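A lone chain, given as structure tokens: the form solved without the partner chain.
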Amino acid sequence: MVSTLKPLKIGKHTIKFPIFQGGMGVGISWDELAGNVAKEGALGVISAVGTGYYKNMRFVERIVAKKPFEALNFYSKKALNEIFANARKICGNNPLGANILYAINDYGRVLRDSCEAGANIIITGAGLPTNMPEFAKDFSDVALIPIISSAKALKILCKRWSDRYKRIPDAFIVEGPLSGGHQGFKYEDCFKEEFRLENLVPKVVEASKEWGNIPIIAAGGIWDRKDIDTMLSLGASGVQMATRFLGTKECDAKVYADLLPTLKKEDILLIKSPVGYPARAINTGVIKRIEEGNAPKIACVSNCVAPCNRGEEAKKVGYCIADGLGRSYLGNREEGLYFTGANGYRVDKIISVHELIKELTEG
């Protein structure tokens, strides 16, 4: 209960601790995880990606081959609404974010869906989101946070937003190459010291000075309070952490509670992705199936990302990311796809969100 970490202001919202749990798709950070995180005084973040899979397609209008048909069902408005409602049964009106990737054409529809579902903050990476305020003008209080890989992106985002909307972002998350999910770096750049998060945070904070010290949130490879203090001492206003929350009981993808305590470092690797950025995966499930020559059949049903072009890139890289992550949420160990931050192998015990926040904030 006693902490020397100070509350963090994001636009019109305040969180007791300068900690986000990063959004995790598919079905990894929904109502149980995000709700309990926000209950603890950190920012809980609901993933808006693949919400059609929620409760095995409870809220989809059409299913083909056990998959949500097209993007209107893959990004399901009614599912998102119920995930927020269920989260607020736990955290009340404590702030919640919605994470939505940029590399869908339907971006504005899902952003307004998140706003209408009750999100207080929108977080967007997997691209350069120069038009977030376009879709949010009906919701003046929702804070808007791009995820960036570099100071150059910060400067462009601020100029494009300022010129077009007379608004700048409420915060920036800078994500480094030790992160889970996709990486904002070329494969070869992920191993180079110049792009280590400790090197990126100073540059982004310095870039932020010119626009009035927009808060910078450091993400990627942050494990414990010592890493938090390191990032804060480098100018960051807070941290976003995901892999630690991936290893909590309240994670909405229950498979991880069985998979992570066995996870070995040599079984974590960067792979290709239909999204067009390197993804950090666990060497199991669909990956192993591909290497055996038993790859699941590919045929675009959910139309989940624009860069894929309805299966072109999925066929080239060998797997459909929607199908694989959805199968993991539904419990499929043989054909599911599984993601992790570089630190995933350090998960031994599965602990509660409450004990994890205690660990991260005590003192």
Given for the second form:
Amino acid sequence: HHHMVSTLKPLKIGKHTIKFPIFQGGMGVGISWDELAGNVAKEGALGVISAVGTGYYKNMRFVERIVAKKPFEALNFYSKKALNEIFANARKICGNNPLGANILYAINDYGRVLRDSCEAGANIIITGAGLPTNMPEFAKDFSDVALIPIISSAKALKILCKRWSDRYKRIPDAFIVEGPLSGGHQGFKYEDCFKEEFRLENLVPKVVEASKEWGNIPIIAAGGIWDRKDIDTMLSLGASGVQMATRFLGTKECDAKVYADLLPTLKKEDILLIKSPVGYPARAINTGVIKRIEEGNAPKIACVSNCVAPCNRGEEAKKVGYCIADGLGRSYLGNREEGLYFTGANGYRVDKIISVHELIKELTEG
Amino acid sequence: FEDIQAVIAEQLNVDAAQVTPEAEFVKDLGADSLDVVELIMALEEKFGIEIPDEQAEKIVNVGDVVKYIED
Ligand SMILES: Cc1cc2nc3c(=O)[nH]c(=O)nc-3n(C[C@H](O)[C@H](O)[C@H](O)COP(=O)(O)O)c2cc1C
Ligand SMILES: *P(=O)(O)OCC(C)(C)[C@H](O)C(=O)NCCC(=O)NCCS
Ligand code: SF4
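Starting from the form solved without the partner chain, produce the coordinates for the form solved in complex with the partner chain.
Full complex below, order starting with the chain above.
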């Protein structure tokens, strides 16, 4: 058997077309950087560079100031120099193929980092972890940049569109609808993450229906999508595309090489939903800092990187027992005892680490 | 105040008698986060003001909103 062409159609979001209607979802602190995102884009999908915690890149090679072995304040945690370098090496692999930058709305200096990402050469900005009513204020000098909020309801879509038109004379170029089986921070209160009412298959039609009201904005389904069979399910319900992350977390090109070591062993019951200083529930693996807190021998919390506004500078980190900047940075550096590790609900289905090329083919043949 | 009360009443599908300067949109009037945003939305049109999110995050009870419209 040879490699066969896709019956999936190319996807247009902004001025940019991607050959396959698949986003590789942004994965925070060094999981989806230059190698991963560049290869994904080279293979015809949308690679998405996570702009969070770039100071940790290559063990903080591009920071001006380190306190307690951590990047000091948002200027160093979100290092522009590092981000520029990640994008440059990603473009060594993908050239002019489109790239996203993923930026959580909750971060301090959100606007500066959005602008940084445009100047680093992102084609598309994707933002969740909030209701991003002010995404466009910093993009006003980057007309070519597409803007994509992550939402969990049609209500959110309507609100965003109205507020964007009012303030910026713009409407989103697309929406990602992220269901409750996704990795990282969930867009629902802990309680709601279990109801049937919110599965992805029930949300996508509602959001699609609400989007038609605004000129048929593209809808990208995310959360729990595993193979081509799932892709076609979401497209049949009206999604224009899909965003996947766990699967790409299971590739060799993933930038945080420790995951190539940890996912194949992952049992379903060691995947938990935990609290976060960001103020949303987060899906994580029962390892690293999470085991240390269970044992009482977790790291001291001392707010050095000041990564997100809702934590209030270590306050909520202490209330929940860990610092997410320290944990995620530690994971990228390979710290198995003190790192924080995330996964989608399907993480346990990973048994072989496969190449991005082989993954994209399995999802796109015929 | 009577005009603030009327928009708060209609938006949350709630009687003008419950909209007391003490009543909190979260707890007393029964609104979820996006009800809040729609409401801010309706107030800054009705009275031609802008309420930035920074300023808006701080308000939880209708007195807080009343006082902000005031100044
Ligand atoms: C390890 C990991 C890290 C993630 N980090 C982010 C992030 O930084 N920003 C974001 O918007 N989404 C993040 N997510 C969510 C993904 O971008 C994606 O939307 C979601 O995981 C898709 O579901 P799937 O993993 O089941 O495909 C993360 C997911 C994983 C698994
Ligand atoms: P409210 O102010 O409590 O509601 C917040 C809402 C639900 C509006 C927000 O849109 C949201 O939670 N979005 C989801 C962002 C996301 O899914 N992921 C970030 C990944 S790390
Ligand atoms: S203490 Fe809170 S704000 Fe400071 S770096 Fe840790 S998670 Fe971020």
